[PDB]
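First, one chain by itself in structure tokens, the form solved without the named molecule.
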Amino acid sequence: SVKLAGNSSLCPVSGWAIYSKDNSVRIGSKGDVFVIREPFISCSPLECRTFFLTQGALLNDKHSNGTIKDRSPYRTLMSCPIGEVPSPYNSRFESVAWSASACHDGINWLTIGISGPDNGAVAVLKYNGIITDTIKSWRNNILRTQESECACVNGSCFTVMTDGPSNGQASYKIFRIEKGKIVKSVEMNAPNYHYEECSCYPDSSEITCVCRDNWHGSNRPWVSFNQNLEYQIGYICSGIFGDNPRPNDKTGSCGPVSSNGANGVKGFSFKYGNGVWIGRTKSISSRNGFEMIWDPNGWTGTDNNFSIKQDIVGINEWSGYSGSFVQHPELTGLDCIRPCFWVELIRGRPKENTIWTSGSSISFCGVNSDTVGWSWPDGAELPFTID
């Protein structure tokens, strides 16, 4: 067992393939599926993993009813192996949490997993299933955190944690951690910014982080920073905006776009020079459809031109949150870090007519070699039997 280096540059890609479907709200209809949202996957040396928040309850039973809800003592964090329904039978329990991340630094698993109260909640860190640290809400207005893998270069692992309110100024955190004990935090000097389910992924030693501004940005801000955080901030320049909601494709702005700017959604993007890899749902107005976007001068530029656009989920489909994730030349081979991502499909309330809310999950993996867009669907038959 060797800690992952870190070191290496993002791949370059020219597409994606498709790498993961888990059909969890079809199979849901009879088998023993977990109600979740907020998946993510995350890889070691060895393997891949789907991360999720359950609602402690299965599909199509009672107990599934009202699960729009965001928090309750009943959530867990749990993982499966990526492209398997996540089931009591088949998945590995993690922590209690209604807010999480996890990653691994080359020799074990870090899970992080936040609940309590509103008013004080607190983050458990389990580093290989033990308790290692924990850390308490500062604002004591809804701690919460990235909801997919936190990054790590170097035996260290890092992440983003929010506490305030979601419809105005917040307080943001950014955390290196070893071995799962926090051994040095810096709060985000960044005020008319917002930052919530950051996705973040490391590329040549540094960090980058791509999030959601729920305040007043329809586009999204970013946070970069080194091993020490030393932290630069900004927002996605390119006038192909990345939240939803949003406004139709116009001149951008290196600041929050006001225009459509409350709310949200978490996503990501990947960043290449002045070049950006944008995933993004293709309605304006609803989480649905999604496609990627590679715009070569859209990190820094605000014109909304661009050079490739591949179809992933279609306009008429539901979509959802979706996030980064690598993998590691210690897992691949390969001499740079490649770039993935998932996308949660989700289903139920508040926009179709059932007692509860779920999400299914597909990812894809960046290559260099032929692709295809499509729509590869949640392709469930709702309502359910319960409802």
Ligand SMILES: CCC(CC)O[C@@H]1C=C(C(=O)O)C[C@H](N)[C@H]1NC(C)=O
Second form
There are 4 protein chains.
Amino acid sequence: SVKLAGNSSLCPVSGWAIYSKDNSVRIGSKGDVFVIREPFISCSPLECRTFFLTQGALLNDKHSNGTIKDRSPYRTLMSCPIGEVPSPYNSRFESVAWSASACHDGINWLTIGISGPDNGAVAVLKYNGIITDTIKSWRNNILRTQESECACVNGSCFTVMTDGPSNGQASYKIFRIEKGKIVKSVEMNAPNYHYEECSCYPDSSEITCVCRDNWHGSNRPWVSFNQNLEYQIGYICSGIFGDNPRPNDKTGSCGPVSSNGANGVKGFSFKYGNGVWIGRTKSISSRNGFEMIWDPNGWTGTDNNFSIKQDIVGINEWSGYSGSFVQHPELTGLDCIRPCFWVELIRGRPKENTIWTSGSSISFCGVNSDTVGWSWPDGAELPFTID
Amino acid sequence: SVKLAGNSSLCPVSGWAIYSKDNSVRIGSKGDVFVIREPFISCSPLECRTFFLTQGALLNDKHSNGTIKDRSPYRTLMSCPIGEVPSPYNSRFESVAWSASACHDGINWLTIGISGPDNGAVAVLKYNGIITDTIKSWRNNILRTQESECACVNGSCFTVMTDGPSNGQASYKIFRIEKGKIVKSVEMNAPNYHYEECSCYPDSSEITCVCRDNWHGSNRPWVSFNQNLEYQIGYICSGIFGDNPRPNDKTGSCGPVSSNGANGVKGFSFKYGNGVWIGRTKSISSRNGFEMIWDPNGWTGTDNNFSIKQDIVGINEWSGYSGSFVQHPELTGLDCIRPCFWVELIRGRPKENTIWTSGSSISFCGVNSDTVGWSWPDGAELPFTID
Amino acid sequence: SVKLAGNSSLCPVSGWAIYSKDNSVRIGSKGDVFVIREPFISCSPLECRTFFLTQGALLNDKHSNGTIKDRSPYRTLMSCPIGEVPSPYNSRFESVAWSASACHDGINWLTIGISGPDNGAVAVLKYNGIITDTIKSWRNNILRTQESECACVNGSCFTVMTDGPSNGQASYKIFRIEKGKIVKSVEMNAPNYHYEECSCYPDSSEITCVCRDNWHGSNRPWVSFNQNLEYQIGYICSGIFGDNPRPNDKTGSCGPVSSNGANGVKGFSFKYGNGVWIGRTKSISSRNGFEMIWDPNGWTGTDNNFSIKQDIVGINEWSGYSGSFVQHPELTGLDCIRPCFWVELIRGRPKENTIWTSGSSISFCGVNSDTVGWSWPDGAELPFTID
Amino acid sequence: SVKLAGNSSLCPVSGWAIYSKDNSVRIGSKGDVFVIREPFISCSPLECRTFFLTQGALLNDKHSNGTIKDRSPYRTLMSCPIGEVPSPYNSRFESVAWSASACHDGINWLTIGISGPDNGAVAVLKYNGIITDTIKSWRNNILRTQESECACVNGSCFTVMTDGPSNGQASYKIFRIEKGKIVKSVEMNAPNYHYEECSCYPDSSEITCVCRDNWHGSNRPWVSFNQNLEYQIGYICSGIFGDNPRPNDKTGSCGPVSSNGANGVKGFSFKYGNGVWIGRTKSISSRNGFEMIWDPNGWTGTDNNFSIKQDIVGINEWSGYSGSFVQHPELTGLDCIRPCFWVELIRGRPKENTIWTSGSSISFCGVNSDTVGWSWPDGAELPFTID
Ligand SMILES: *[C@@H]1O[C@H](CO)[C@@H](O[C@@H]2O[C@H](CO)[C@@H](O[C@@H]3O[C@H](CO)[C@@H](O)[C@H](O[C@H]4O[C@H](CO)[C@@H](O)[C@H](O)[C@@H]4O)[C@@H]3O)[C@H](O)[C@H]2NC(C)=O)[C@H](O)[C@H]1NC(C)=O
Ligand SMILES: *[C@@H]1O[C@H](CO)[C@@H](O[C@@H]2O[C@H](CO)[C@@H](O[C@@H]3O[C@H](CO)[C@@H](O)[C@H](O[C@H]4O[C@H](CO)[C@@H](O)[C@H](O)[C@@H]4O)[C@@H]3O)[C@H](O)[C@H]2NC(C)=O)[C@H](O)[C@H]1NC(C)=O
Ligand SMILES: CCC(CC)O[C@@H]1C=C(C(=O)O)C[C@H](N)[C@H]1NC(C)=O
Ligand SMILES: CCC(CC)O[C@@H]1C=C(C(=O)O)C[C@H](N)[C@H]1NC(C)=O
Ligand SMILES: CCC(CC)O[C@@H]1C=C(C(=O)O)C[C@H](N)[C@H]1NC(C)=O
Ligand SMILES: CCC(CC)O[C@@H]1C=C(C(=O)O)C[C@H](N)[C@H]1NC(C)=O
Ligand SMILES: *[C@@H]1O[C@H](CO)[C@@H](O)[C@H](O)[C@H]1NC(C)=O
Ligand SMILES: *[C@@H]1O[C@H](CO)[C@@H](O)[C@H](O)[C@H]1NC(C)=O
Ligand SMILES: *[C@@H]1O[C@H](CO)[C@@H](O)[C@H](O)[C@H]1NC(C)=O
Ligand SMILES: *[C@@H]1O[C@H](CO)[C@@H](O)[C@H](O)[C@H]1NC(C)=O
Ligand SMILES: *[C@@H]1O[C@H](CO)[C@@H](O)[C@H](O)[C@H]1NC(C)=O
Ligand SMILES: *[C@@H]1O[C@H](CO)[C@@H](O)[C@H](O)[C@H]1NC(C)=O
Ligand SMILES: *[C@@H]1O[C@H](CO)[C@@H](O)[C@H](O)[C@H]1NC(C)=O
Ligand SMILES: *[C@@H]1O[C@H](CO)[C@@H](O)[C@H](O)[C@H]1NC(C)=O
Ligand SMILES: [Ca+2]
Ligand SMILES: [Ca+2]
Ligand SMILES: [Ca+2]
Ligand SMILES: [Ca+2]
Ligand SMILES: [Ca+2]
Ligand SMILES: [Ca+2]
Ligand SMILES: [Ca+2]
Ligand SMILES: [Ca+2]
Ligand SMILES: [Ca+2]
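Okay, that is the form solved without the named molecule; can I get the form deposited with the named molecule bound now?
Below, the chain from earlier opens the complete complex, with every other chain and molecule after it.
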């Protein structure tokens, strides 16, 4: 076993090839499948796994009642091989958690699981399944983290956590973790910024995170930093707004776009020079549809012009959270870090007449060969027998 | 790990010994078993696996509704150990696909999964579960492939794909793939020929494929080629017609036999000099029964005489697709490549009054010791509780 | 990996310690558990597994209907770790079979599975899951075998098969198998003897089998042989009759005991000099209860006196088949071959008012430390919801 | 593989971080989950496992009827990865048992499973799944053991067993076990003491056990011993009484506290010099709630003052058994033995109107970083559909 270098650049990509689809909700109609949300993908040098937050209950069972609720003592972080349904019969237990992150440094898995009360939550860090550290809420207001993979470079892994209001100024910290131990942290000096649920990836020995402004921005905030946690911050400038909800496309801003800025959804983007690959819902008002857009000057430019659009989920179909994940050369044999992404397909409450809320997933990887747009939706027929 | 040589000849065989039976549909009446079709077997130097195209749903669940449908965003290629039922709890995810192929080169698994719209489908190639290449539809008319194992020789794997009409002249291409990367391809110059769903096997460093003419041939077309993709084409001459539907046996043709030539079923045959082992349905008009026939001059001779017939499935029982698979000396310890075959036993629509369509499987391997004919049918009692 | 020596003697034992219990029928009431019969245990140098003949159906499902039937194309030999329920989710597929045997030579598993028509059945032999040989019925009357583990000595494995009437003189053959290949066989010259379902074990480089006389013997026939298949035959002389049905205990015979001699049940015994450990039902008329009896001169003596009796299953509880299995020094680290045994607990038809027949299992190993008698019955409550 | 040294001291700890939660009962409402009680955790140098005593039945099935019953022939010791639900599809079979213990010596698993009649029960010892020894009841009155992990030091493992009345003076023995073989035992000379269900852990090459006085003590008895079984005995002196039921906290005793002394619950404590970490229910009269208390002089001091209290389960929630388990440096890479604990959350009879009784589990590990109290209850809604 050797630790991931993380020193190569992102692979340039022209399109996205479908990588996985689990059909979790369809199968859970009869099969024993966990009620889950906040799924994400992360890979080791050997395999890729789907991580997810269970509700400690199964689909089509009475205990799925009220699962629109975000935090409870019953939620646990678990994982299974990519593309398989999250079942009690194929899932590895990771941590007790209602907010989480995970990543592999080349040697072992790091998992971060936050549980406990809203006014004093504690993140439990595990390395190879052994508790190695903890960090407790510093603002006493729902300590929370990525809900996607952390990023590793030369034996160090990095994540971002938030503590404070979800509708106003909060506090944001970056962490450097080695063998499950926090070796350094810094609080971001980001007045008037809002960071939630960051999607972080490694690129040329540094980390880039694209996050969610739940306070007053319909474009996405970003933070980038080196291994010493020296950071820069900003917002994606493109007039192709990335959050949901959001305004119709027009002239963007390199600061938070106030129009339709409140609320949001976890998302991601990949930076290539001044350009950006943007993943976003198709609807401006609800979590419906999904598309990938290549905007060659969208990181720093404010116009609403773009070069490529690829359909992922039809506008009449439910989507939800999305996040980045990468495949290192140690896994692929390539000379660059390959960008991939996943999409959570949320079914149930609040928009559908069920007693439960749960999601399935799809994932794609970036390639330079031919690709095609389509719609790969959840496909479940609601309501269920339980309702 | 070492590459399969694929340079020895096919083992001569006098009969077929039963190798596996999964009873998938019988078990799916209660258990959690995928709705599937287009199953096939492929082996590594260590194990044999059953691959299959799920419908992203389980038997006896409402989501099995309308699974007579061939192509959808929900279909996925998965695999499980041979003889086991295809379940969410024992199946490995391979690819998102409504048409597929797979094979092992001695080092890693190659999988090919085609998804996307009918007018621009994309084949995604994976090597050891990592995307290594893609190929997009070139005729914009349902890019499709074998639905059985590809064939590997000295580190190169080979497959055939079709694009264009299924009821007239189409386009057929042969591919050479190394470590999941397409290194060469050629379009077959085959006017008045039709190739669908090829069953390909290695033999003395070259590849032989026996396929399905869905246009105007009740005998089977074949294509053989060396590692450089230098090919030959023809039709099996035997008056023992191999396709379904077909006419009663009589004088055959070395070209397409037009009588009952439209439509068909995936099948296979093994060539031994001028002779051929033919696997076929027992019924000339429907997918019922199965039998193996040895015809000592059937590859090139047009008479309807044969030497050996072995019963596999009774004529009053449902059958379906069939395909070849081989076991290499690297797996068996033999000095030749052993021929085996599988049969898909289709239940449900359109011939049965259910809301669903699904199949189970049986498989056999060629031996020179004593064997016996019998009937090993699906055995499920329809309809089910869901209907 | 090294082949088992099989050259040491049986470990002397004073009693039997419970080793496993699967509770299959109890669990199958809700869980997905195969309908099975004819289970048996066999061990490798690393683990012990339960082999069994499925009916290609699950408990409490309609396809369990009529499973009193012995032979069908749907029956398959499968295996799982000892003590676990036989489920589609934890069972390895072995062979298509309605009669079977299996054993490990120290290097790989040998399995023997008989399927096909009653008038021409074929035994398929597999070594490490690869077909290595076949043997076809020679009397055209239900070729059949042990339904328990074969016996291995220095790289050779041995079994017994029967072909012919089950109610009169039949034909019995011994086989020597190396790496799945039959290298020698001999037909036993046994006029007026009847051998069915032999329980065979290795002891001092030779094989001893205790079997079932279904024709006209209420005591058990035996056959012993060396690696060259030079054999001796006889019947257990003890007045403690071992079969079921049988007469009340009295003066025995070294030939077949005609009284209540027709019919029978698979059983076993362990020979120690002139002494014998006898496992048998508690009832003389039905498959109820089970007990182990140490009879210090019972192999050759005809009296009905014994020294030790240990209860295994209460007389008011269902039992069924029983068989021997051994643990070699290569597995245990002992300087002798340890004797163990299993008992099949049959539930359902014909004695119970259900539509199905299925069994669970218990097993015990011989020790020289303290033990105790008790009753470890199936424990299921019949009928089931399916009936 | 190398033997665990067990020669380092316990890691000092300031609080407890949550390690696992299985949600077994919630999931068993639909999924196939064993009815269990008496769960416990034990680790090897590679992984941690949950052991448990099944009732040979699944939740929400009719065979769960009457599972308040403690001892039957159907109960089995099985294990699964920590945090996973105990299911037939993910559980390893260990032994037939209605009382049990297990631990890993660094090389292999030792399991101890007691079954048989109340008047002559037999403990079966297995090393790497092979029977290595047995010990039979010496008082003919329910031979019984820890219901938690045994303790290993330098290749020797240690446990405590009890035989005799559970409501008066009984007999208590300490055992030293090497490779599954009992090499030494001693009967504790403990007049007026009562020992049940000991929680034992290694510390500086010696063993410390904290147990349950079911006769006449509301504080917990303890026994400590070296590898030669030279022992000391006493009771925890703290006025913070550890058993359930118990009186309100007040002046304690270094002998058995008679007030509310009859009956009790399995529990644990960790000794640090004169101090003690006490785990106990929150209710003084029933198995409700759970908390960890640090009492700096509680081992030898009788006052009712303490320094730290951490909530684990709310007082309005069901708890049950609790036990210690440790993680050795060979597993963690630390320079000390890390203390952890588990809690059984019992649902059903006798306090709830169901036909069944079963439990789920949570576990925590000691750390010196920040922690938080909360409530992590079972969370199931009773009754179930079966009742
Ligand atoms: C998922 O959760 C939902 C929400 O809880 C749940 O729907 C609810 O079911 C309960 C129980 O049937 C309903 O509660 C009843 O409401 C009526 C008025 O509509 C009251 O009169 C009832 O109270 C009477 O009866 C009680 C019990 O005998 C007495 O204790 C009480 O004093 C009264 O006599 C009772 O409260 C509730 O109305 C619904 N809510 C909604 C929005 O439908 C649903 O059943 C859950 N689904 C599953 C599968 O668990
Ligand atoms: C397990 O198998 C058993 C045995 O087959 C099965 O019990 C049987 O169920 C069938 C179907 O209900 C019964 O068959 C009927 O018998 C009656 C006389 O009792 C006949 O009148 C019926 O025939 C009429 O209806 C048919 C269908 O419409 C017509 O085709 C026919 O011409 C007549 O009009 C019919 O044959 C049978 O009586 C029972 N047998 C016993 C012994 O109970 C059971 O249902 C199976 N269980 C499961 C779970 O599958
Ligand atoms: C508490 C702030 C946070 C970010 C805005 O809220 C989230 C919004 C979510 C959503 O918009 O779907 C669901 C989340 N599981 C949640 N996180 C937690 C810890 O509750
Ligand atoms: C589209 C042409 C093709 C070959 C004739 O049709 C097939 C016939 C099939 C059939 O005759 O059963 C079902 C197939 N799954 C299918 N392949 C795809 C891709 O839909
Ligand atoms: C056919 C002869 C044979 C031995 C008497 O009958 C058996 C009796 C059995 C029994 O007495 O329970 C059930 C068996 N599964 C069976 N074997 C086969 C192959 O059918
Ligand atoms: C027989 C004495 C013993 C300890 C007091 O009783 C126990 C109390 C238990 C309890 O208080 O919950 C349940 C146990 N499973 C049990 N142990 C056995 C073996 O039946
Ligand atoms: C990337 O990391 C590897 C491994 O340490 C190193 O050998 C290599 O020089 C680095 N590549 C570049 C371009 O710096
Ligand atoms: C087949 O390939 C093997 C491995 O390269 C080689 O050793 C052998 O000579 C070849 N056999 C023939 C007949 O060419
Ligand atoms: C099957 O599909 C048809 C067409 O939509 C629908 O009417 C019917 O309700 C479906 N059946 C089930 C059981 O869902
Ligand atoms: C097999 O492939 C290797 C690598 O390309 C090549 O060197 C060798 O000649 C090939 N063997 C044969 C028999 O063609
Ligand atoms: C048993 O077999 C072993 C392994 O071959 C051999 O070394 C040994 O001598 C044999 N033991 C006896 C008692 O013959
Ligand atoms: C503990 O045991 C290890 C392994 O034998 C040994 O190296 C070490 O010296 C011991 N530690 C102490 C403090 O005795
Ligand atoms: C539970 O056991 C009692 C006593 O035998 C019995 O009356 C009742 O029917 C059982 N309940 C179920 C659901 O089996
Ligand atoms: C550990 O056990 C070994 C083998 O018995 C022994 O030689 C050694 O002295 C022991 N170590 C300690 C620290 O006692
Ligand atoms: Ca926003
Ligand atoms: Ca732009
Ligand atoms: Ca089920
Ligand atoms: Ca045709
Ligand atoms: Ca011919
Ligand atoms: Ca008889
Ligand atoms: Ca005698
Ligand atoms: Ca007490
Ligand atoms: Ca104190």
